[PDB]
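One chain comes next, on its own, written out as structure tokens in the form deposited in one PDB entry.
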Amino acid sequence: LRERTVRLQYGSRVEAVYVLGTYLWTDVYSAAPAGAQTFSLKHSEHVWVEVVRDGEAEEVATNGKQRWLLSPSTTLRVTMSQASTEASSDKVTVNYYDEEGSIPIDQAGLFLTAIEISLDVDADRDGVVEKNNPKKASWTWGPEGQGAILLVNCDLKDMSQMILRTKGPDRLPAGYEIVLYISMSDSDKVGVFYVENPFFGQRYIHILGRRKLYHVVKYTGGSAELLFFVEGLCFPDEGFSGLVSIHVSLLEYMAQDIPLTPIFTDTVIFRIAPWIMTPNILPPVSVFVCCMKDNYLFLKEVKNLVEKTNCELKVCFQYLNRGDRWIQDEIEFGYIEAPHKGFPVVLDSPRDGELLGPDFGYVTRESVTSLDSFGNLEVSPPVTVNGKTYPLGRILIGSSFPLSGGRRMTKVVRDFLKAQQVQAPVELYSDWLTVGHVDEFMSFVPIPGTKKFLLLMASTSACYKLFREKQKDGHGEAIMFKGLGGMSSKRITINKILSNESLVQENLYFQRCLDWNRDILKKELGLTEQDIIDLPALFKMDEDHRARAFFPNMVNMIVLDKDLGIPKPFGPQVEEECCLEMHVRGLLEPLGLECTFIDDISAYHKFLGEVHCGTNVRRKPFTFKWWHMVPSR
């Protein structure tokens, strides 16, 4: 396919390595002695030679006596299809003649050693390293796309394989060597491991990476394969697309103090697999919770919920360097996948700077507000938006309005999420909340028995409507926070809430904030009102004009398929049941969702807007392969 220039040298022999998959064009005119008129040629069995004049080519026999006029426009094309062995003498010889006699006045030779050199990866994405995929030097998205995929080492049987395959005689001819190399830029993105001395053992050493840009490879004769393992060192990010290159070159020695000439180069491209987040609709595997040792109702009720499922429960306690919610706030469960292998990968952002066990990879963060917590990071189910499908869903991050001067998640984390590309992040407005997390106002739940889902939204208007109804019904004196002794002296009733004029105005405003988010979610997730259910919520404004929960936010719930762990609201008691619990059941249960209310606050005797427990669910990855997506340019 690729034409390489090799000229005969005046009255001499040229020796050259021929790399299979290329061919040579050979100038015979320049090596012709002055006064020479015509030329003839001989060649060996395994070398194919054409005489090319003005673009027109004719094959030549091994020993012909045929002669052609010498012209700069008459050249040779030289091709080989099989590697040289010790039995080979591969050559082309050209005889030169003057006008007078038929005995050659001079001759120029070309002696060839043919070798196969191919740097191979699994570009067709089946988990096997195929021989010389013609597409291995590029990377394309989609079901028809090709090029190899690399996993970040988040901690070598599970790394990517790269195989240098060669075929040839006992040794390379004098003056050649084979070198593997990478660019300085890619040197902090990858590393490559190799057994340098296979005669002395199995020991794999790092041959390419930080501080090592090239490695000279030992040539072995016959048909040989050299196995390399490759790891990614980092995820795609603001200035890094995820694509890296590795090269092998056959180098020719020229002279001392002159660099070696790269006479053949083969290239493979890898893309580093992105970090992917799992939405609530995916099958649960493990439920992780953190709380204080004595919150007994919480642990018992979570255990009972989990016992309704096939999931395993993992209990963590509170640590000195972490928040009360850390399993929710400082940890996010995600995954990476390559054709051959995949594993769960946790983003870890410790408050002050344990874990899950060996089955997980970990990405730990190297100015920060509450909006940096992973409570502020959510992901939608797969959605179609104006005809465009997002098969992995879309990441949702809470923010403030552009002109507001409000809080925002750090650019570093936003840039990281954006750079993964396959979840196409969307910013929502969370900064009207004191804590500032999207998970305080919204969640997703599957609809049992279907492939569909609902968006759940906190609604203050729903709460006021319900409370007004109960008051009309004669329940105005129904008290909230039953069983929280630290709330009792406040004597909070439906009447007291409904009569508070400033609280009404605060909550109308918070409903405007919720509705602004509702509109962004409908637009960017392609949802209609039929896809949404509102759950009652109520907030109190702080000094910053931001919202804190008046009673526990029910929307932030543990979703295990049909079973929902819902924070216990401690609402007004009507006929000895919480009217908030009954209302929420009436909304959800007709859909086949099973509700379990989980009391995370009783142990503290009161509720001031802060939650002291956290939960996080590890889920099975999407069955859709991320490399089958086609993201926008």
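Rigid core (definition): largest C-alpha set, two forms, superposition within 1.5 Å. Residue numbers count along the first chain shown, from 1. Compared with the form deposited in another entry:
Large C-alpha shift between the two forms, rigid core held fixed: of 88, 75, 161, 146, this applies to 88 alone, with a displacement of 2 Å or more.
Core-superposed comparison between the two forms: the Cα of residue 137 travels less than 2 Å. Residue 359 shows a C-alpha shift of 2 Å or greater between the two forms [criterion: core-superposed Cα displacement of 2 Å]. Once you line up the core between the two forms, the Cα of residue 227 stays within less than 2 Å of where it was.
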Given for the second form:
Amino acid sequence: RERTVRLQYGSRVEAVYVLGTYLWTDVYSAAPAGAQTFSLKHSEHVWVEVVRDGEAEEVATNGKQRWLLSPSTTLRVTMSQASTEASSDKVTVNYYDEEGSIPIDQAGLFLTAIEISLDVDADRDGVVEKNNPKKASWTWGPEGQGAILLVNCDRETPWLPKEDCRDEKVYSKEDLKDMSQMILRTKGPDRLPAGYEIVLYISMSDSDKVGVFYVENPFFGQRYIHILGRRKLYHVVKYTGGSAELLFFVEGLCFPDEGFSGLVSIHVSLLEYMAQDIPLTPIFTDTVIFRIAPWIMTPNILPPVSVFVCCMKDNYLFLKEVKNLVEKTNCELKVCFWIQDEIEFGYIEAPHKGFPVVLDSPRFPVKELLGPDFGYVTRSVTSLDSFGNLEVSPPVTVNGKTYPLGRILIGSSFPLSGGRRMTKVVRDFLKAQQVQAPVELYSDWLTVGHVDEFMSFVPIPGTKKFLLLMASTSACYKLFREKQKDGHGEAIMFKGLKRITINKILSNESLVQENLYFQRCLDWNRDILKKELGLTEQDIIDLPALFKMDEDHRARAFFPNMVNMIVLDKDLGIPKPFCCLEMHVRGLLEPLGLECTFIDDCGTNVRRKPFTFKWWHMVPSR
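Would you mind giving the form deposited in another entry, to go alongside the form deposited in one PDB entry above?
The next block holds one chain only.
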């Protein structure tokens, strides 16, 4: 890194030299008028080179050699180690005329070398390495580098009704565990020469994205100092002489969104005082880049950790079955007296730390969710703005492109339909997360308009494969037609959930045509899913489903939607239809090793283990 340091006419120039740079010095400009040649002397820790246009010749400490003065003959000054005393190191140039061997004048350069390095964990191993060259850039992949920073959205101290990042304060030593470390490492004399200061700084744009902290008095009662962030764009650093390391704790405040890529930068500069009324000049600048970790969703294939359940006191039939199914599995259960519509359990991870984050958009919050190691982020709205109209596939590979965290699926309407669609802000937020490349399916053919009404995923136990379960109106009519022929014709359906029989349903011509159109809608999605998830007909199961068409021309479940089930590894919590429909579902799913359990019904939301795959090992599209 070449830096210009000109010699000033017959005068000494004193300057700070930052290690990692090298000086180019002009000696012709400072020479007196009539000077023909020049000579030089330099100290041991200053390699000096006389450069006569291209060719650079190294020069001895006390050389008596003289070179002709020319604007194309310059110097190249390089230092390798920091100074222990302010001046010490120097370059001296003597000037002579045509007839004379005693200097007619001399210009000097007194130097003070220091090392300045703003270091972060760019290699992603949890420890702040010394000056990673790739720290001023963020690259995706297992062979890529760049520091990662979480959003501090949990509540270490539960008194305040806001999250850790809503304030510009740190109250606990636990809060520092959710922060990324940034160390300012320096070497130099006891003090900086007169006219120099080191300043840490951020842009106005990045001020509502990061929060930089310092631990003052760490040997007794520790206090935490907010030095960069909201309304603090720069901070003057106290220079400690010799070999020093200043520890900083950086926090994220924003998730990547529409207009926020996720990348933030923190800079350090050595500013040189020129005069009063004039701004200090950044002589040296070192920068570090951080990527704010995205909010990631968890598919049904990931193992369950704990089941959150919301219902009423009278919902004892539901409560017993859900607890009996949760007993079969090796996971815990929580009760709350909207559950799968207003909240969703996701996670955030960094090389050092990782914890679950709940996204909540209420159409005040829920106490059983906010706390330590559990983030809680909160937000016109149609019925399509719901967490039921959101799904996430297991990891897929679609024509060479792997999606190791799956893909988010969102319900929508056809482009020229004029129908309902999720808000542009939600779609932009999920898209901005990048790691789960969202796909828009067609759910507007349903009265509610949710993708969980017609689809879901189940793993194949003891394998790393899964199945897409699709609602099928044709599967229902084929089952009915068979039972009607087998003698079960006048049998009453939904006995415990009108007086309807198979014969009555099959005779209803108008209902046949409605379900014919609804099967078309289901197959439109089946094609988008096979296309965007790399699925074949071997990976899909058709569960019998029946619908009724409202005045808007949309579907609404005739009997309980069996596809919206609780997936707890090999154990499925399927909604009871009120039984040949249950025996058909047991015949489709049970031979594959999936134990079915029909529930009476208000809903559930399962917190799962995050993926083994670290999101930063991915390589997403632009």
